[PDB]
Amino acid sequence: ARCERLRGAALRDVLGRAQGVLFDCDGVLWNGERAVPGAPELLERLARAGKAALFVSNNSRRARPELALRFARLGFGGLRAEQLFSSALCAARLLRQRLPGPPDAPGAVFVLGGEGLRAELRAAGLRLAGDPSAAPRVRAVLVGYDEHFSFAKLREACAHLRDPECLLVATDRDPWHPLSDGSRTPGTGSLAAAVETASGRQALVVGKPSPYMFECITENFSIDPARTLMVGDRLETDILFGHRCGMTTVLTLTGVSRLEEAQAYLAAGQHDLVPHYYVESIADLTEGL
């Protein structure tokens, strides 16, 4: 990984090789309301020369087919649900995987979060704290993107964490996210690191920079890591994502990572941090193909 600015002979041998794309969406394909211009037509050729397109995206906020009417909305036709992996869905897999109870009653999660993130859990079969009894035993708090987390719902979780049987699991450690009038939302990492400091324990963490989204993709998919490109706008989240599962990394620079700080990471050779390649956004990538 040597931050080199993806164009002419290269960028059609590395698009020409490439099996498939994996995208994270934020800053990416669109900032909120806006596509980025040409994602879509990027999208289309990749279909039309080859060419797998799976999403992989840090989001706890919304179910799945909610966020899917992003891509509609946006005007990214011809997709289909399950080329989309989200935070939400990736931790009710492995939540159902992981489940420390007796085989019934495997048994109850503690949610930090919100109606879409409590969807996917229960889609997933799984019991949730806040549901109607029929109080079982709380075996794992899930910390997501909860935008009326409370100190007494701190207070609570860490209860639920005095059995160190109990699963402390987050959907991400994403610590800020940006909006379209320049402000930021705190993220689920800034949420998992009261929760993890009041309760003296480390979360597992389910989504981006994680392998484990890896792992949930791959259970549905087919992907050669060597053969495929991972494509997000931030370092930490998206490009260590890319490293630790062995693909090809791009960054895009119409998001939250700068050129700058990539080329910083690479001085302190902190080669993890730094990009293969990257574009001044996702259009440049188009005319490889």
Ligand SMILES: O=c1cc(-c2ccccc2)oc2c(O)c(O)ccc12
The other form holds:
2 protein chains.
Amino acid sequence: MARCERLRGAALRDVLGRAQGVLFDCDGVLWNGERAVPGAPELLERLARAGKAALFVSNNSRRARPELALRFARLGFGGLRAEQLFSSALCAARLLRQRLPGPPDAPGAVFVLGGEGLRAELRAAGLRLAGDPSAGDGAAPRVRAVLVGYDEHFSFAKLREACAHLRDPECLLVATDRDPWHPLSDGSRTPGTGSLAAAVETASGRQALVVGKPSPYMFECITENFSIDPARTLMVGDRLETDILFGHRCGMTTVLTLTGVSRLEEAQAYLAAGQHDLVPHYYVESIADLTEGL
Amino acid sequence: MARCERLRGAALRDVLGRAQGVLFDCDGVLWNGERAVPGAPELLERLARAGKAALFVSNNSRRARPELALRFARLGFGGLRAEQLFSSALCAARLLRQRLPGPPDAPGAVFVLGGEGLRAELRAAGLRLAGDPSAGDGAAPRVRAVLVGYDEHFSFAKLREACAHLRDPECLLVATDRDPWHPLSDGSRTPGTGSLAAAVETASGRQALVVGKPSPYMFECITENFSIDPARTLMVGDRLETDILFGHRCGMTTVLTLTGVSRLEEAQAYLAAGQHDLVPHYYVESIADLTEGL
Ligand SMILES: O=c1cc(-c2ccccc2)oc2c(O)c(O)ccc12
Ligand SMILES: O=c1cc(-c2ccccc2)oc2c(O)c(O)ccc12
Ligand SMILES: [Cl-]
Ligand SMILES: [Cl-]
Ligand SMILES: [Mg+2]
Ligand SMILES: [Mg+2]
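Let me have the form solved in complex with this ligand next, following on from the form solved without this ligand.
Next comes the full complex, this chain leading.
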């Protein structure tokens, strides 16, 4: 079982050598804000040269795929294909396309708590949004899902409207992620989607379907068109309750990096409490410590 | 132990006859919106004539005491003294006066998520509010508590600011109540303070101190200046998880009325699960069914 071992030396060479691919979280792992983790671009170059696949899995719902790719490029992570990038915005759009109830003759609409990047991803997946223009003089379509994402314009009015839609038990409640907060460059924090989802769940008396990590649905989304063997894939992240739990649920070897949110002391506390699904198999100070294993 | 018995006949005469006073919740008990429960004003008149004390305990944080009294009067509940009326706004103001940390030479300030009635109650208790005018050219005072109440102007910006203040571990987090939602006359619902508190707690990683029912603090507040013997007091409410739990925690005989939020089926389910602190001792269809016992 996971023992939170510092990955180095011969063990590092064996773990990386056997791996066919690596799944990376982005924030806290590849970069912090507009600052790349030193050595992280070189790791990705070396992984590609070694024939090992790299995929990127982020709970960040702020950017549609084209703008998500831009952040990678300007921080040194070159040569990446858009098909390597998975966000909770992209995967929530796909889940809604797959699960929106209602008849095919009258597609439902999605009431979105979130920003323009998320809305763009939803429309690109063919979804119609509450508040988009209605057809001719016709009435507004029936709202068949509420989607909670990262919404810097969240308000009591929007919360009340979400509850009005959720009065219909057949209306879905979906959240992009349950991350409670995020650290910012200046040392402050911003509320996360999990805090907004908590309000919607509490006021509506519903439980949300969560798209992003640690939900296994995120793994279905990334593998819909890419064959990855979880027994041969490393999951690298900075958050115990999202990245590491995700890896355990999917059968992946997990690596905690310490350049982000979770601390080594927290991982060791979970291990002492016996909560092994929150314990990384391995940790590194930063992902630059993985490059020597190639 | 509580068995959720319909209170009537000789048992009703014995329960009411032995009681020295009755504590009533307001919404769902005395009235629904601007409609008094028929027979409720007459019950209060008869209780007073019988020499039994009546007190009113509400989690509603929207009205300061003077405006709270107005609703009673226009719905038929005459002859009431302001000292009989206790709200979570009044009791949160008193708790903050009693517990605000910091030195006496520099009083702290309270950052309030809530409306003008709540703010008025706080100022009347001597508290200074974040955003009130600063003295001369001096800087803004240190925020030493965040108070979450019913805030129809809640926003992401206000949530983020609350978290900035709560970064200081010595800053208190207080909530007026944890009621998750409330029913409206038209059949819709409005989000409750509990939904906003859930967001603040989740984004800040804190647990709030809750003033209102079912917290025992509400009982300390009402009895600070009124001697009531809980063994001789009936607690009458419409919500299992707030009024009935409150009564059990305080040692009062509890009566569920069915003119509000909780349903008889829910009470019976708690009893079958053995969750006796959520089980009323007695229930009535409406509080008008209590009058015959006098
Ligand atoms: O710098 C960061 C920014 C963010 C962020 C996510 C959504 C909206 C706004 C900001 O999230 C982070 C994160 O979750 C980490 O694990 C580590 C770092 C960050
Ligand atoms: O008609 C009602 C209105 C409200 C209300 C409380 C705070 C803000 C806005 C509305 O709360 C209720 C309640 O909690 C009940 O138990 C029963 C009825 C009501
Ligand atoms: Cl929308
Ligand atoms: Cl304030
Ligand atoms: Mg991260
Ligand atoms: Mg009530």
